[PDB]
Amino acid sequence: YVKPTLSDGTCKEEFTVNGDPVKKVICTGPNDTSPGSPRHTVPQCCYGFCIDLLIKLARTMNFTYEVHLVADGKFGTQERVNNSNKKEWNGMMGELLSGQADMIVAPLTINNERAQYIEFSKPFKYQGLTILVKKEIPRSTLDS
Amino acid sequence: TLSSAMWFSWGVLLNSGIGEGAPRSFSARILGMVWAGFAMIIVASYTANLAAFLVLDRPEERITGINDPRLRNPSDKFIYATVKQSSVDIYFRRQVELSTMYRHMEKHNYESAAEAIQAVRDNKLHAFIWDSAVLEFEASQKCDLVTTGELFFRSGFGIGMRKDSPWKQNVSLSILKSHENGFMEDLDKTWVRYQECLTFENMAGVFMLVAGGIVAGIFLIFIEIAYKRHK
Amino acid sequence: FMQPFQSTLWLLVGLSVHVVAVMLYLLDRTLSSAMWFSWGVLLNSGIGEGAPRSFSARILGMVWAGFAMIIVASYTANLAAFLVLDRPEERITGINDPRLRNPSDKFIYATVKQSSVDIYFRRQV
Amino acid sequence: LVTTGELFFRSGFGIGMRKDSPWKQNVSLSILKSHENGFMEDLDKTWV
Amino acid sequence: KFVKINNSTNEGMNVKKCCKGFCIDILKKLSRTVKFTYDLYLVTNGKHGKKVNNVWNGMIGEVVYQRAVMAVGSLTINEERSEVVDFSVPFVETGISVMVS
Amino acid sequence: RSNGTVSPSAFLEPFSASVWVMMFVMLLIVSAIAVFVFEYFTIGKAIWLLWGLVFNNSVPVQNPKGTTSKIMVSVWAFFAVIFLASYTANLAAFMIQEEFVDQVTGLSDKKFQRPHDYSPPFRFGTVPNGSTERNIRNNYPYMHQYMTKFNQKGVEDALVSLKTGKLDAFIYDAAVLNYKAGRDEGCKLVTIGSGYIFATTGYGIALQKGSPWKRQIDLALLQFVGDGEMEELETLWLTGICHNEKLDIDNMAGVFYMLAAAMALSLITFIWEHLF
Amino acid sequence: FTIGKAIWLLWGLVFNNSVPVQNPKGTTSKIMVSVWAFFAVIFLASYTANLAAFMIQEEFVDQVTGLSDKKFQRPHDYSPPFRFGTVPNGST
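Protein chains in written order, with the entry's author numbering: chain A, 410 to 553; chain B, 583 to 813; chain C, 554 to 678; chain D, 727 to 774; chain E, 438 to 538; chain F, 539 to 814; chain G, 579 to 670.
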């Protein structure tokens, strides 16, 4: 979950029904979001399933995190570069094959092409595709 | 007694039992009884037809899975979705039949994940292909849509790393232990497990007529009184 | 007859109707005439010989008539549901039916010990 | 009795004879000719 | 296909079009099993086949005059067709049916 | 479950809500209007006649008599006919549908925490020297200390004994459980949860530690997943018999209790009226 | 009048009880009237159920069968001239 930070830059003051504060971290993603603007990369607020998993992993292990949101937006794919004859990785996977890299954590997917370059771990979820359509409006109400 | 006989005949078909008409002719009484039987048969047939229409009311034939013939054959009535052309689009490219079907969504793929659901909520599109968890949560939280079909290309998620980093073994062992510890189910229950979710119009489209008739009854009584007074 | 739901169900319903009528007539303080009128009303005989005493008895009779109409509607719905559920035994669909693909003890079949069906089944592993 | 269910392994009948025989081509041609001139239809109508 | 324009400009080269369908799958399966290689090519000289002035034109002609070996496609078995070429066993059913509105 | 799960749902109707109150007040207003029109002591008789015409046409009353009153009575009769037809259609639709609830719907249930002080003692069905037994023992021992009483030899014997009624619950793997239940005799067996899994972990191929085959095997298996061959394999080899394919005595208990309560309330009202 | 009243009461009990009369006298008459009313109610409920179940059936009409027909065999006359479309130079 991504939310704009507090005006003072201390996004806080959230709690759950069970009386448990929500653990939160601060990202440095594209503040302007839409392309073409002069990217601000102002701090924001991020929290969710993956954030909790990362917190547990960091507590069990011994390291520190500096979460920063992706710059492009695409999940990641191989594509031929324009005006050339080669191909490369774009999207969020692109930052994996550069200095940023580290320990990418996100709703990724285990694929053959992806696994040929990077190595995954044992999955923490299981999913299908489940085609989705808009619900039909029930016009059978015995009006007439 | 002509007006009373007419009122009695009108009320017979509605089980009023006024009993204001006793025709002198025996054949007239026999014809009236036959007509009452015909009216009873007709109203029973109408009730049976209404019950059958209510029972068999199902004009929805939404595409179930990818192998459905309607979904297999592209059509210009509505278009498909691809969600930023990532992850799933590779799966569609790999299969030759899916490669042929990809001509429909090749030029119409979106660029994000929420834009497609917003456009669906704008009724500009009724189709979507995405991870089952995300779509299920969207259906549960937003009590406006339903997901229909059978799961396919089942492949779990995962934490990515680079080449061969010195943290892989510990991370994978921690994930497996967290699975076997019951922590992961607890977390999945606390994050996405509870998101909110004799017809009234049947008694509304008929009670309005009853109210209108009740209102017009006063006017009809006044008109009848005026007609009686004028002659 | 009134078999499909339960014969004991109809017996209990009749006993409850008679008990309700008996309490209703006790509340009046033509008991046989009232009982016949109630039986005709619940059977749509339309005797019209009932003579209620108090308005509470009238309200109880109206509630009982509504309950009887609800019971009649439920019985007709059950009859329609049973009519819709006709042909309880389905039809085997070729060789692709799992219940015939999986052998059991209640289904038995065989063609001929020397024929073409034998060859077709033996060759197809 | 009833004959429910769809059908599988569709391959029609035929008249058999040994690998070498002088009647082969003539027999096949005669069957085709009678068929199409409208003979198997009449026989099917009058016998089955 | 032997592409030809119009009038005297019909002198054209062998354009390369790729064709697929039900019969082509049968052809590919036969190529895989019997182990032969083929040189598929469309015909532009007529139709399925009709005898005019004691001459055959279209598919059947291309097999009668030793200009081909097989004639895979939508051919139909018949009496006069089978007196000049040899057919295989049928693999589809077909008759003469009627369609109306 | 020993017997089939049937829920009459005598109160699941959308009645007893603001719609019912609106219908009641509309009925009262119509009755009052009819009484006024007839008058233009009979209020009770007219109300009874209207209530009968709504419910059953065997209610004799002479309160309404006229032309406009006749029109109102005919309109009310048509409205009641439409209402009862709609109710019958709704009952038919309800009979089309079904309502089945889970038996326990919980692995960390109260039942599997202290079944000695809850009903006759329950049954724990496992097998020894497995993977489920190790995890269950390591998570919370008490269930294992209880579970030593019942631990069968295999799967077929345990299922047969359970069908004999000796046991109540059998806890084991997921894939074999789904296959067994799907291909059961008569589809009389089902999992407690609606396909609910607890500790999701997949199968695997146990290669040697550092064996020079892991990369090729993993890539080949992922490729097999990608091309959809596993879907056809599962369809051919893993499919159950049924799976997705699928006014009584106890149905009228609630309405009968409501009728008894209404009769008691009417008796109380009559007693109060007699007091005054 | 007793015969006519009894006939009218029987017809009403079969169809609809909106035609009451003082025909039956005695306990036996009331019992038989109730029995007839119950029988008619059961018969009407069964008829309604059968009518409701009838809607799950829908037949079709094919009329002629094949090329052997008066419209087909007879080339001309009839009244509207017919159409016999077939693509030439084939097998059909």
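Calculated directly from the structure, the hints in this document are not laboratory data.
Ideal Cβ positions, reconstructed from N, Cα and C, are used throughout, including at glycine.
Careful: at least some of the hints might be erroneous.
[Unchecked claim] To list a few chain C residues with every Cβ distance to chain G over 10 Å, as calculated: (1) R606; (2) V625; (3) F635; (4) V637; (5) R652; (6) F660; (7) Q667.
[What the hints assert, rightly or not] As a list, the in silico DSBU-like pairs of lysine-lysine whose alpha-carbon atoms are at most 35 Å apart: (8) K810/B with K412/A; (9) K810/B with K483/A; (10) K771/B with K701/F; (11) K438/E with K666/B; (12) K534/A with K583/F; (13) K441/E with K472/E; (14) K691/F with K649/F; (15) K666/C with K771/D; (16) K603/F with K433/A; (17) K784/F with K771/B; (18) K771/B with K704/F; (19) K583/F with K648/F; (20) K543/A with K412/A; (21) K813/B with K483/A; (22) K472/E with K488/E; (23) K433/A with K534/A; (24) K466/E with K487/E; (25) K487/E with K457/E; (26) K453/E with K759/D; (27) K689/B with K421/A; (28) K465/A with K483/A; (29) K495/A with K771/B; (30) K745/B with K483/A; (31) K495/A with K724/B; (32) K472/E with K689/B.
**OP:** Run the structure past the numbered hints and jot down the numbers of the failing ones, going up.
**Re:** 2, 3, 4, 8, 9, 11, 12, 16, 19, 21, 26, 27, 29, 31 and 32
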